[PDB]
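Single chain ahead, by itself, as structure tokens, in the form deposited in one PDB entry.
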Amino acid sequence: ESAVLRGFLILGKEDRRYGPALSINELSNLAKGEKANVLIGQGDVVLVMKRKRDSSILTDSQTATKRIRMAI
């Protein structure tokens, strides 16, 4: 359990918006950037998020999606 949970940050008590509690084994397959409730040893359910976190997708630094051809 400890080894699996090292990959997650515990955010607090069970939050039903994130669905039924997973087992620790089910949690170990959770994707990056995701949250879930997990049943931890023993009896308590907590909300966790994976420590590998996905792109911010900073629109400010993105380049233009389209280009107009101006006169030279």
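Superpose the two forms; the largest set of C-alphas matching within 1.5 Å is the rigid core. Residues that one form lacks are left out of the comparison. Positions refer to the first chain, counted from 1. First, how it differs from the form deposited in another entry.
- In the core-superposed comparison between these two forms, the C-alpha atom of residue 66 has shifted by at least 2 angstroms.
- After superposing on the rigid core, the one stretch of 3 or more consecutive residues whose C-alphas move by 2 Å or more between these two forms is 56-71.
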Contents of the next structure:
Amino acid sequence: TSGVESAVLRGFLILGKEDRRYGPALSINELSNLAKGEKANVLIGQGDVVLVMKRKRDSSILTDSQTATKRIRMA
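Would you generate the structure of this protein in the form deposited in another entry, following the form deposited in one PDB entry above?
We keep it simple here and write out only the one chain, dropping partners and molecules.
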């Protein structure tokens, strides 16, 4: 691949070959718009398509601050 494609893909983890469960491939210049935690196919090199996700990961797979969303006034 090119220097640009290599540099861009450093911020991403290549999960595998093209998976059309995630739709038509993004271009390299569109790839930065991919939401954190999501997966997308991307066009690279000479027509190759791979599935990727950002290495920058959001706090999704973590614990909760569920206590407390609601508080009742007693006493």
